[PDB]
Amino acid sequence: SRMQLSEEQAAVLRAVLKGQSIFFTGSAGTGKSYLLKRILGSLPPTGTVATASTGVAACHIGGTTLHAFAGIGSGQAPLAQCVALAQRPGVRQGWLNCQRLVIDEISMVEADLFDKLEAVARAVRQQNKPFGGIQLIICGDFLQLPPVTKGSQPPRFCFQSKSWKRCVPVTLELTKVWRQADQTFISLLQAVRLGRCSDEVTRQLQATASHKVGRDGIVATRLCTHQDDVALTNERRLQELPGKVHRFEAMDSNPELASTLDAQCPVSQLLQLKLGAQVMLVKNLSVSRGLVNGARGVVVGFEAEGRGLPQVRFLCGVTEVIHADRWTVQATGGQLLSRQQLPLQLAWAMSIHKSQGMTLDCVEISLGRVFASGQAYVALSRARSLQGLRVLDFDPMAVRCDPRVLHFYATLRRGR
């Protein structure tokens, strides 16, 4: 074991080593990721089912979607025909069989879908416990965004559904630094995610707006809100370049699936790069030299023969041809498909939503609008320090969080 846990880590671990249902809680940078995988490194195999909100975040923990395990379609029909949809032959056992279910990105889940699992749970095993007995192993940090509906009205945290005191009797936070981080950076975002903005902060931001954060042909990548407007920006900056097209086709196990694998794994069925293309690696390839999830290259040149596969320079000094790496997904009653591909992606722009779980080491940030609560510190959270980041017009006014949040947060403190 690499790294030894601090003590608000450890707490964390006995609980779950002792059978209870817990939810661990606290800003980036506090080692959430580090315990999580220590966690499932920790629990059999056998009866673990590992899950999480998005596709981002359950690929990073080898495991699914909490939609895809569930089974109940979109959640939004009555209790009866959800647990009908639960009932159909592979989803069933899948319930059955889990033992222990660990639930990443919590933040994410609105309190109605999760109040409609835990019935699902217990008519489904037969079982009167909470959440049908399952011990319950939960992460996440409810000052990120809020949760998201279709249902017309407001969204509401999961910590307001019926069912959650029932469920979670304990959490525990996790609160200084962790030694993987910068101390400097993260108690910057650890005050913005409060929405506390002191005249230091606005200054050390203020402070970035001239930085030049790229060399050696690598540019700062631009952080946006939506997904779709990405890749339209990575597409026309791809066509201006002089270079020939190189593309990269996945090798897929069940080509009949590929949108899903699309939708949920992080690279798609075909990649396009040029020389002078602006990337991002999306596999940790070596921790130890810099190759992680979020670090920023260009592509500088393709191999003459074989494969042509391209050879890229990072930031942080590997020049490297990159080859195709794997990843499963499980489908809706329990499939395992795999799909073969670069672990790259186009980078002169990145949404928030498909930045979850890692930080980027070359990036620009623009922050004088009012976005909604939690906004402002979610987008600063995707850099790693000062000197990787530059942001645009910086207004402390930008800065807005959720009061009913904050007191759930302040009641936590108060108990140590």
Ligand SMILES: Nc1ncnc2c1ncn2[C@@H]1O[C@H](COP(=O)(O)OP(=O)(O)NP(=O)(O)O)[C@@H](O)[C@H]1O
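The term rigid core refers to the most C-alpha atoms you can superpose between the two forms while keeping them within 1.5 Å. Positions refer to the first chain, counted from 1. What changes on going to the form solved in complex with the named molecule:
- Rigid-core fit between these two forms: of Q126, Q239, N97, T184, the one residue whose Cα shifts 2 angstroms or more is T184.
- In the core-superposed comparison between these two forms, the C-alpha atom of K150 has shifted by at least 2 angstroms.
- After superposition on the rigid core, the Cα atom of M397 is displaced by 2 Å or more between these two forms.
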Contents of the next structure:
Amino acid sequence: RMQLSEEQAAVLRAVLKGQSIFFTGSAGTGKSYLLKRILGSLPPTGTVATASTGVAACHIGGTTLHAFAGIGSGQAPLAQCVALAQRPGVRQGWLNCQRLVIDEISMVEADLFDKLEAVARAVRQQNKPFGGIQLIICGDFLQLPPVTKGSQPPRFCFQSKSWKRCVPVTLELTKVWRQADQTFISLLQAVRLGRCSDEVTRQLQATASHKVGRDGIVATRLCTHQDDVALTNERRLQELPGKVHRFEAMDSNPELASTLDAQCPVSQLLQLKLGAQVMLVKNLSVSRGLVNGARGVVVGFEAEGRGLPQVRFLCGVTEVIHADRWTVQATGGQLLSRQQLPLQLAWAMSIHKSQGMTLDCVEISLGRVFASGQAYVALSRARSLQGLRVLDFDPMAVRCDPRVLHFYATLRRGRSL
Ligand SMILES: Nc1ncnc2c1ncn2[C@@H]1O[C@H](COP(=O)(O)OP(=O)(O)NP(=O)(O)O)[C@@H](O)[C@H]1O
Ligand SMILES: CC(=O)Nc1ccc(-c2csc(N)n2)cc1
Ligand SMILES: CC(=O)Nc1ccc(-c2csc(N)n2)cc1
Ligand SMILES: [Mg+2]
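Given the form deposited without the named molecule, state the structure of the form solved in complex with the named molecule.
Expanding to the full complex; the earlier chain stays at the top.
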């Protein structure tokens, strides 16, 4: 285990003292890593690991907050949500939960937080904030903004009238680890706060000339919408001359495939060719650089058996990629599994799917208005400036929601620095 910073240790201390806490910090400050250390330090009984999204839940071995709550979409009236939470399996999960971990809190809208808080009280019959559950919450409100299952403009989670009562303590992680380069760290920090000076703008524009690929590997284009990702990956695959090689997943419940898809980074049908640009979506070997996010290209298929792909990675290593398995925790503690190769096509990927990840071979076009925090998320995935190529950069792409700046300014009002 790595040596926790003083900041990271302080959060761990609070959690083990039984304090409900929100902890926050820039991209790559080790929030999710610290969640893993927290989960290891707690009894597994009574501790529930969630995140706002399926992609983020994977990073910590958890489930989605949606799946844990078991209140359907959460759009139904509170009384109907309570009844849903009273269902077998669901109910027990609420009753037995003493500590609830939530990563990537920035995607949870205030109305949903309010709903969960009320459900917690109703189901557990405990007249205390959040049913008396110890909340352990982290993320960055200057990253991806709240989504909604409804049609109204969402409020940030901190706008809930229950936020401060439910998470009375706030701590910060301030040392970025993802990037090693101070120039790049300082550049990302300016973007995160919406402060694009002439110098910042010039620096990002200069990346347009970066050749980020090496030896037949090309940059993954980060896109705002999955439609555009799917179309790009399919068209680039189709244009390759080789025969198609197919790898069909085996699911424990094929019928529930769609529930699996939301919490699992691999598809039912994987199609590959010589030359296919692929991303490894599971940590295989940290030492050999075979980690989640690693980019490579298919350099052959084995002659024998299933004809598994041989993949040359940007790092250097060339390796035959074997089947792996994901076991997802759905509603009411139901478990579903998928066996598949841990590969996705990677000429393109959505910014939402990169949430929480480190990447190192990325291109993005930043000349349009984006959602608050979305340009920052995209840029802050890259380990290094030289693995990033930004096209058509314009500060219009970089927006911070004023509500979030006000939140952060209020949060630090009494602090030393
Ligand atoms: N104490 C530490 N010492 C050294 N490296 C660390 C430490 N804590 C975390 N890291 C590394 O920091 C990197 C980023 O960690 P991660 O947990 O993804 O950050 P994050 O704050 O969750 N990122 P994001 O989800 O993008 O906001 C990982 O490669 C960790 O190994
Ligand atoms: C839970 C979940 O859906 N995870 C996930 C993560 C990454 C990707 C991915 C990588 S490259 C690409 N085109 N898409 C897809 C899915
Ligand atoms: C609760 C807390 O710690 N701070 C906080 C910050 C901002 C807002 C907000 C933005 S505009 C609006 N109507 N509400 C609410 C609360
Ligand atoms: Mg994270």
